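Take a look at the letters that make up each chain.
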Amino acid sequence: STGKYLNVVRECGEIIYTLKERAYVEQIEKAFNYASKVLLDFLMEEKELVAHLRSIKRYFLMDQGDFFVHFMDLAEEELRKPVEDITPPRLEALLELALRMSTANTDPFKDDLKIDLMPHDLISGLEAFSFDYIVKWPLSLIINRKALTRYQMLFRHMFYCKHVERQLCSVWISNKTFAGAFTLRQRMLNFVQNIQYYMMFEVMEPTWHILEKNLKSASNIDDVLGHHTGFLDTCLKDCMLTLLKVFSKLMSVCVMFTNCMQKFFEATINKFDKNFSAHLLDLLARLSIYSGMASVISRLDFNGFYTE
Amino acid sequence: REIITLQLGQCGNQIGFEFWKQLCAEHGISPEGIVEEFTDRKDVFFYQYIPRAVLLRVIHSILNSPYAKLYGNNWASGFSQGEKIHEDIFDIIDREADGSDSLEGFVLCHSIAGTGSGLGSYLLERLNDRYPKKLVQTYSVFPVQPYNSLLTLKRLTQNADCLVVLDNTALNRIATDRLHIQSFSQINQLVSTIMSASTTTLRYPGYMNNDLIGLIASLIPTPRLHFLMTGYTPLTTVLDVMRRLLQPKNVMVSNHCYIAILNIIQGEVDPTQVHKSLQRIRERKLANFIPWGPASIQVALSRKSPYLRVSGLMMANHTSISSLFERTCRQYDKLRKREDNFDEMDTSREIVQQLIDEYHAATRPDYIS
Amino acid sequence: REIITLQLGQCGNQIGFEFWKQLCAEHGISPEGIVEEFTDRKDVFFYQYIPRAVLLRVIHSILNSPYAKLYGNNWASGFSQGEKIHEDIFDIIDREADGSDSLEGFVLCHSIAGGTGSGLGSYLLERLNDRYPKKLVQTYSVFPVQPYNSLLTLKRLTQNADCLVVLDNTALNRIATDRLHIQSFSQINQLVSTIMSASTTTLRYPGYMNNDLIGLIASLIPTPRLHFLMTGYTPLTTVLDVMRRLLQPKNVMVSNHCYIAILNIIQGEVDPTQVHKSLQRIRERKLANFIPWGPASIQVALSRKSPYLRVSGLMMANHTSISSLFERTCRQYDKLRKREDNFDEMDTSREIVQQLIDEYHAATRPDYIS
Amino acid sequence: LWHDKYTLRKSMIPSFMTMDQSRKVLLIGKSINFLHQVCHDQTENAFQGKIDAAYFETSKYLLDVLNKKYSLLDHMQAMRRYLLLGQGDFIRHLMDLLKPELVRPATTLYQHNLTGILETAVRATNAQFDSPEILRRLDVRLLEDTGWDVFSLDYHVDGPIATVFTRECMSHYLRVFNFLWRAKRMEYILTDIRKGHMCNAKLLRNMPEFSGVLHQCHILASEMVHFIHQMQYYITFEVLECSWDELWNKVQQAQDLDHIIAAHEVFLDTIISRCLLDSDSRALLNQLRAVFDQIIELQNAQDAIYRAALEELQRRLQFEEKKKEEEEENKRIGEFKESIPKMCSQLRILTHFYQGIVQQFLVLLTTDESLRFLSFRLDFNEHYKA
Ligand SMILES: Nc1nc2c(ncn2[C@@H]2O[C@H](COP(=O)(O)OP(=O)(O)O)[C@@H](O)[C@H]2O)c(=O)[nH]1
Ligand SMILES: Nc1nc2c(ncn2[C@@H]2O[C@H](COP(=O)(O)OP(=O)(O)O)[C@@H](O)[C@H]2O)c(=O)[nH]1
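Residue numbers (full-length UniProt numbering), protein chains in the order written: chain A, 452 to 464, 474 to 583, 611 to 664, 676 to 740, 744 to 765, 818 to 844, 851 to 867; chain B, 3 to 40, 45 to 54, 60 to 67, 72 to 86, 101 to 142, 144 to 173, 183 to 221, 224 to 276, 288 to 306, 314 to 367, 372 to 402, 416 to 445; chain C, 3 to 40, 45 to 54, 60 to 67, 72 to 86, 101 to 173, 183 to 221, 224 to 276, 288 to 306, 314 to 367, 372 to 402, 416 to 445; chain D, 459 to 501, 527 to 627, 632 to 811, 825 to 867, 870 to 888.
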């Protein structure tokens, strides 16, 4: 573990034997403790590991807001087209233009974002889009293809929830210059914007806040490799990503209701109500039966509503 | 998405001129419109730096101020003269619209109490004709005065897609209670604190709320109940701030229940005790909401400007705002029994009555139908 | 290949004099027409040094300037007086032409708003189309009884001049009040001369492409009718920022719709490897639209700033919106036609400008062909 | 001298010298032998530091003598301006003077005549203000048809500077110069046509029955000049200005004359690769030649339609100026209108085949990475790809 650190820095830019005295055992540590301090600092100041994980969080966890509100605004018409119909030379030209025009311009590692259209959905066109990140050799020990697709599994689950309430909030202006759908839109908007808040500030954030501090007291690489996969298996557990497929079908009636309102009937709005409200009550029934996974209910209802 | 702002009348100019001064300092921008060396998204309000403002004898006071390189009393007089310069002021707004990438809104700052009342009534009508897809938020300020006030309310209840009330009366109390002033040059310092901290989530991008339509559609459930009041405590944990916002001593307003609450915490408070306080607010029951629809409270964090400590602002949609109207509605009938058709006032009179009824119907368990 | 320029009327003479001042300052040439000690190809516009200019009251002002060592109001009156002195001016033009090794074009700088310059330039354009059939004619015409003269100049310019660059005093004054805070001719003329000097940058500093006027013309103008161009000058830093600030309507000197051809000239010392990324991202974000019928693209070229004199840039566009301006003039003419020997020439002018506006309006259709 | 005369010996390299260090000495020795003869100028761990100390000084000096006097460096810059058309100003005038000569067949062409033309261009353009030494080597050579198939420049180099080029860089430059010469005459043709149309419509703008077919002559031009005027930019920015930057960056910091040879040898392996002159990209270049041919066939089918309208116009001028009979010409004017739809079927079938060879050209680019930047240049605004 000593020389290997010396090589991922070199290519980029006395000991005696005694018995009953360890004048060499201590000598190896006085060098290994410098062999690491040059590499770790090499990753934080120049090509900014802790200053390298933050950049991935901005796009994968969608921390940076100015980049997505400007990217989906440009690449929406070219995503509703079906799969095997869109030219990647057309998307990447919009991704590059999305970063520079936004406030993500101050990012040294921004040039490692690549478009990767997955073949399968979250078990087309829009449900088959996800970023890909390529990293060099020495850091590839920590963030590798085995533990990067996990970053790509909890990304699409957040790009879906960000897309629906992006257009659900878009129909909000079209109707505002037949009159009983406003109290139903309230039932779905107060559901996604009550899942997103729990998903961003009380799930991944807390885990991330711990990891940053949990990497200051690291002692060896096979521990950092534990504080990382110990962070991804928690985000995928506290979220609904690990089954709970009722959420998948629950989202269908939300996005489809946006299509009906976009076709501008009175017997169809009330049809969505009995269908969506029934699907929601299936969620809180299963979210409650457990041994946080319980505080989510306090986020869904706050007025004692849905007390049935 | 850019937001082009408007300033009408002596009030709108003074609050906007002091709104920009609060923003120009919150960024590293010298009053000479030159960036100082000394991450914050600044493209929404500034054009690469020049503010996107369209002002309309206080103007000379700005041209003599060090910020010069940064750019009657009847309601009928305001609406009449506004028709005579229909093409003049729309030349400016149009040339400022297309030059922008993608217009998003029209934050309009005007007081409903002389010419700002009649002119603003003219603009909010004309914008909906040409621009039908542009949100129009207004930071209206509450004070023949009963006449000019309510007439603007006719337009502000069917044109403006949002409205933030800031009455001078309740502000004057906070000016007297915790500032001991006895002046316009002081109460506006509080107004500029409310206007700037309102759009703190647009200029500092976070997890959510990266666009104006994200702050609007969350609070306003229906096109009519679109009036919001504010609350600003710092004049310490998140529980200390959340408890102070709900006290009636802090709200800028002189049964009843909330509709939607959004909390803005501009501190460096760790994001782990954010759910604990919300859990506690539910237990002690410091606020009640509508019984018919599911109403929840939302809290949002942000980051203070390093170039300039925990603060807090709350965007509230409270039914008790209906009280401010009744004070206007009441004094109107008194002036209606004291002295070419005089029908616009009566037609405006009817629609305000439809609005107040809608509020008092919002607190009923059967507000639907 | 040598380009000869002509200056007519007060506006044309003033802008040409300021352009020559700017160009002499860009090179090492003293006002006394003597090279100073202190790579730049200067043979095109200068003769071994004397400029290739033909000036046609302000001449006395120029003769009193330190640069002395360097050399009615009706349209019908201008045309008549230009017909009267055909041989007198054409002897000068012909001696300066045949004195040159290989003539290339005839740059004409004049104001079509009114006076004698309008009619004189009309007559000169007709006579140059008559005599020289193989010489390109570019015109740096400046836009403002005025509607009459303007429309007549447009009638003569839409068939004779093989290219044209519009300059509206209204947009220039708007920019002056906005970002220069003037409230004057001698101030807007500064920006005019800046745009002009930056227009012919690639001819004086040789690069990979654009070593001749045809290289600039044939790229933009696809058909002989659509030969009106507009200008943009953003610096008043990466190339992406420059290209994003250029396509903003705030900078274009112009008072559905789409683009026909775009050309960018970058005079900075920028890294030339990021230009393809800039174009990729511009196509991604879809900041500008093109014609639907034919394949039209945007071209970009670099150059070097004058070392004797930072990143700048200019943009030449073929936008279908320019027709709007003509409409106004057209409109006014109609308003002037109903309020007051044959008076038929003005009618023919109205007819041909109506033809041109119809062609512009049809250019933005997916079936513009036929 | 650079390409030949200095070849490493794989057999007599000592074991205590790594294979990479043996290419910094062969590049340092060649940098000094070429600095004397051709340029016409005369002056362990400490061991590794000595090689680099002699590298970052000799090479940095070779460029100074090759940029101020024209001196191994002052030849590299001067060999890009002329042999790689990097001058522009000089090659423009040189294509106007060789036009009356190369149109003749090659049998009547003799080298001793062209040299007077080349010498005339260097005196007229800005290339006169130049080092006399590098101008002594710039000459012509005749490849062994038409004059536009056997003309090419050579710039022969012998002496110490010949150990950097080594007879192979001079066999690659001419392999490149052919592609830059073709893509330069295919452009000056398309600015001649585009010049004809600006003087064409200034004469026959009075025949409203001819503009219907004359229009298809303009659209096919403006659709053809785009494909060429865009490929010129990919040649300038993504092949020349980009691959040369990685050479002048690995020269001002290299040394020992063996990091210069290896930096200049790979500079000729990317241009051959970035241009379509590779070995496995054969199907792509032969596909491009067909597009180069369609530009000529337009220029032949244009003047035929152009001149046929000037004759009928000239007769119509004299048929009325001398008289100011009437029935014997209306059949001539009547038949002339009947020949118009015949010519329209030419430009309607020439265009429909030109688009069939470009939309096939793009499909071949999706094959090796830098070519993707070309597909965007052509397909801007998606004029193709539906
Ligand atoms: N909050 C606040 N209100 C103001 C200020 N200045 C003026 N106002 C309000 O504006 C109203 C007067 O408007 P006025 O200036 O006469 O409008 P004008 O006729 O267009 O000039 C008063 O009723 C005040 O309530 C200020 O500095 N702060
Ligand atoms: N942009 C610009 N236009 C000018 C300037 N000087 C004059 N003009 C224009 O020239 C016109 C007057 O032309 P005039 O001198 O009367 O022509 P003349 O009768 O032939 O001498 C006015 O309408 C102006 O718009 C100038 O310095 N800049």
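Just so you know, the hints here were simulated from the structure itself, not pulled from any lab data. Here a beta-carbon is modelled for each residue, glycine too, at the ideal position from N, C-alpha and C. Any given hint might turn out to be false.
[What the hints assert, rightly or not] So the derived label-pair ranges between C-beta atoms look like this: (1) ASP120/B - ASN693/D: 42 to 48 Å; (2) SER877/D - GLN430/C: 37 to 43 Å; (3) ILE74/C - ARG776/D: 20 to 26 Å; (4) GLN479/D - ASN493/A: 32 to 38 Å.
Going through the hints against the structure:
1. The hinted range of 42 to 48 Å is satisfied by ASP120/B and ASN693/D, whose Cβ atoms lie roughly 43 Å apart.
2. Here the CB-CB span from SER877/D to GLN430/C is close to 39 Å, well matched to the stated 37 to 43 Å.
3. Checking the proposed 20 to 26 Å range against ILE74/C and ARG776/D shows it is violated: the Cβ atoms sit about 57 Å from each other.
4. Taking the beta carbon of each, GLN479/D and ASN493/A are about 34 Å apart, inside 32 to 38 Å as hinted.
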